[PDB]
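Only one chain is shown below, in structure tokens, and it's the form deposited in one PDB entry.
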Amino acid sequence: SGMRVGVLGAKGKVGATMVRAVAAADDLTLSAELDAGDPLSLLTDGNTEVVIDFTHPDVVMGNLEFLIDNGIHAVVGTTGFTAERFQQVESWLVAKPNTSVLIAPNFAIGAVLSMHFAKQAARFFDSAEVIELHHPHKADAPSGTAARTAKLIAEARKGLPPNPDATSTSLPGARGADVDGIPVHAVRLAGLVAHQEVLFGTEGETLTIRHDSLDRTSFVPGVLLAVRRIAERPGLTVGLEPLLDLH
């Protein structure tokens, strides 16, 4: 009765988490747990219906070719998807029109909603800024998520005057990093995990959208949601947002 779910990259950090979550879920049956060395025929041997793939950019295309050829739906968190790679995936899917592939940069439902909300709000305010706050072991400033969020905001603000700012005197860096005309401030503080606030303002009011992750495994519910719903959309879907079915 339960949906048969395989996990590729099962010994990686994300994969191993997803293995546990699939096992715990009552309505999902773990049908495979593969890492480098394991033949993909194990997926078809055990009647896997959908896989979760967080492998490495160097192997994901090989995985996807097999999956699609065998009508096995794929929930993909692996990065490194160039325009040429997306195009290849699309062509493979022409031959297998009932197969579904989802490729998403972010699976945390809260982060996905937060980005969508920021996109909807952006054109209705004079000012927009992003503040992100993370643990002080993080290599990159600003985060991937903050940079992608600021780009969405910029894109949605097409044609608007830039953010008003009378700054004439400053210490270097005080106004943050400029991502497509949107300031992005990166706080690195012991005691934090992963946090992001998007601020919008016009004379008289402000609107703030804040996402807090308190545990590194907070994406799990979005991956499982993608697994349960992935077959609703035939073909290739990019990003988790369409799956949320926002009216």
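What we label the rigid core is the largest C-alpha set whose atoms superpose within 1.5 Å from one form to the other. Positions refer to the first chain, counted from 1. What changes on going to the form deposited in another entry:
- Only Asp212, out of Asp27, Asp69, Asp212, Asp45, shows a C-alpha shift of 2 Å or more between the two forms on alignment of the rigid core.
- With the core held fixed, the Cα of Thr79 is displaced between the two forms by less than 2 Å.
- Annotation: Cα of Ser91 displaced by less than 2 Å between the two forms, core superposition.
- A displacement of less than 2 angstroms separates the C-alpha positions of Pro221 between the two forms, with the rigid core held in common.
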Second form
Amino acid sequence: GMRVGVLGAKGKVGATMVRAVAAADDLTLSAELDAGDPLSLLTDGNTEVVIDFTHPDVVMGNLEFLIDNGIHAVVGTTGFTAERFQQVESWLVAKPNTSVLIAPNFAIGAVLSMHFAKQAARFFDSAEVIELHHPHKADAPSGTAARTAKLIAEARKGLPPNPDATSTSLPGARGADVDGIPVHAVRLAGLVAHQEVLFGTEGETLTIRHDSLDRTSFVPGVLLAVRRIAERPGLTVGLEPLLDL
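Switching forms now, from the form deposited in one PDB entry to the form deposited in another entry, please provide the structure.
Lone chain follows.
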């Protein structure tokens, strides 16, 4: 048994997670915190692990508190960068038995997409990422598309950059540059969370597309991380380290 708190409990993903923890036989909901609730509600309820689906402007402060209080964390909130991960590692030095897992996508199709993008990258001259999300999303590009681009760029270390003869452009047409990989962010009513990774070489392309049509797609990955969180003290990035790929 495990006492699980949710940060962002009234949000689109957090409300899904509250229902999932409540339904799980081996997990007990110990706290449901919304904006304006004090983090001390987590220690009042004897919370052992927290699920965080909040906002990029608040998640680092949530983590600072969770780590100082020895509460393990499964974080889906995005906005992460290498400097933020370094900061989380710095806080965890003081708390060597506390575990944090931060992943920009808990859906298995997105995890597989990032795995396949790493494997495909060296076979193609060009790579770009298009991500498409609902228009309530705070951050562009998405966490998943920034990680995918970073993985592709690492895989292509020492190979030529993408070819591109653009000489006349409007500002922003060619996307954001993430480690040399263009990333484009579409924000469209009707969508949930979607990504296409595009690879090209002479005469052919390969596209790896993931679509989450419902936030229920995030639940299995979050619950797996919650259940296994204390196995790996310190910081884990991504869900892939918990899987057999």
